[PDB]
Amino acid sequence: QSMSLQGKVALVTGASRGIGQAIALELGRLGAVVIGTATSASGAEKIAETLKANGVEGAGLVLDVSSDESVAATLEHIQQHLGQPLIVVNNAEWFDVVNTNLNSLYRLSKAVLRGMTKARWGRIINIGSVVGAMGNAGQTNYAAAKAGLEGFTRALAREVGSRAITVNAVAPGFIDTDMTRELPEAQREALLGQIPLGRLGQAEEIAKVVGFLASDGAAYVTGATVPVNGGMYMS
């Protein structure tokens, strides 16, 4: 009725598995034409099979977000064949890590903005990292990137707002993915002891939110980091 993204071309990066794939399908299912990407050809192929499998119009694709060449090429390629994407979704020593992420977020976001600017409409949606038990160190990085995301996101939202382009972030919590499904029994129950709802979040649950923010309904929402974590907040 009104959660229709019909006739809108979405771009989901890192969409071969878990959260990213869940975002891809959810966007399609809301009528989006959907371009999922991965770092490899094998990956990009897989994505397409999965789209066709669920009736979603679109295309798998190979993209290295760290490399300008890839980005410039990928977009150019996308534009000609499918159209210009207006819903763009970024999915993916603490210093190096965080520094690299935000530069990428930047690189890509910058690239896609020319297109959103012409159309005077856009959605950028940035996905946080999942919580993962690498100990004391795990707590440091999680918080560090989550801090970067929040800040970054809000800044970029301020810089584009005049052109009716929202920018928002989603901060997953302890999510049921391939990564989590094989962590030690201890670090699981310890961590569930910290989540008020007492379960992991399913990828779909992230997707749904992503889908929301994409919608026209959530058009006065910009610069915001929606926490999806069943109540476990870390700061």
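Positions refer to the first chain, counted from 1. Take the two forms, superpose them, and find the largest set of C-alpha atoms that agree within 1.5 Å; that set is the rigid core. What changes on going to the form deposited in another entry:
- Superposed on the rigid core, the two forms differ between these two forms by 2 Å or more at the C-alpha of one listed residue only; from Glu189, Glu57, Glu49, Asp68 that residue is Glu189.
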Contents of the next structure:
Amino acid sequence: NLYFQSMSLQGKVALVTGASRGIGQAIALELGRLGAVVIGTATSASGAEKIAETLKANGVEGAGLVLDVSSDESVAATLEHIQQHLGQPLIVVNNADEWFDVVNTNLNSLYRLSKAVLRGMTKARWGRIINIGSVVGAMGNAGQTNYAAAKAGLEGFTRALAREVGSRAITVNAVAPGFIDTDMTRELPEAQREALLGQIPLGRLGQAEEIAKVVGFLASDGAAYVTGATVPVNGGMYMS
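The form deposited in another entry is what I need now, so please give it after the form deposited in one PDB entry.
If you are looking for partners or other molecules, they are not here, because only the chain is given.
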């Protein structure tokens, strides 16, 4: 029995918002790889369709749905639709001067969705909520301001919610990417990329998959005592 525990997710339903591209897509595939039934979502019908195509292409059971996390109606309706056709999602991954509005809107959406999925986790007496922070999204001071503020909001939010729902054996954690190989870093020249790399002790951009593996671990039974945590996944580049 030493070599035999689940670190797998057979029998679980997972909702991953923002799953059509990059980090979200990678998360969807990693959870599927681990045996979950995955519902990935996008804000558009073509994005939802791409998700279903990808899942099937990689042999993952589940679906692609349209979801707008800013809308109570969209949230309520989508969950009803998942409950009827697939079951309650017990693993939920929120991937979906301006800094204030962005961060405030983001955190209101986490709260809206998190609240909505908690009834079913409460009823199962088990759950995993995992919040994905935003990747370093611009090179100057505005980028650092926005990135740091978003991270701080996410850390405080995640910690509070973890406290609120702990007695129900629901964990609530966050993953805080640094510079990841996605479309903002892809659009810098070789010289600027290598200069950014000089701030990163590992000397390379992170892969989407490297975010997904952490999320996969946080979703497992082995991470059951981890809650209210924000795991930084940034190759050693710390910016706050």
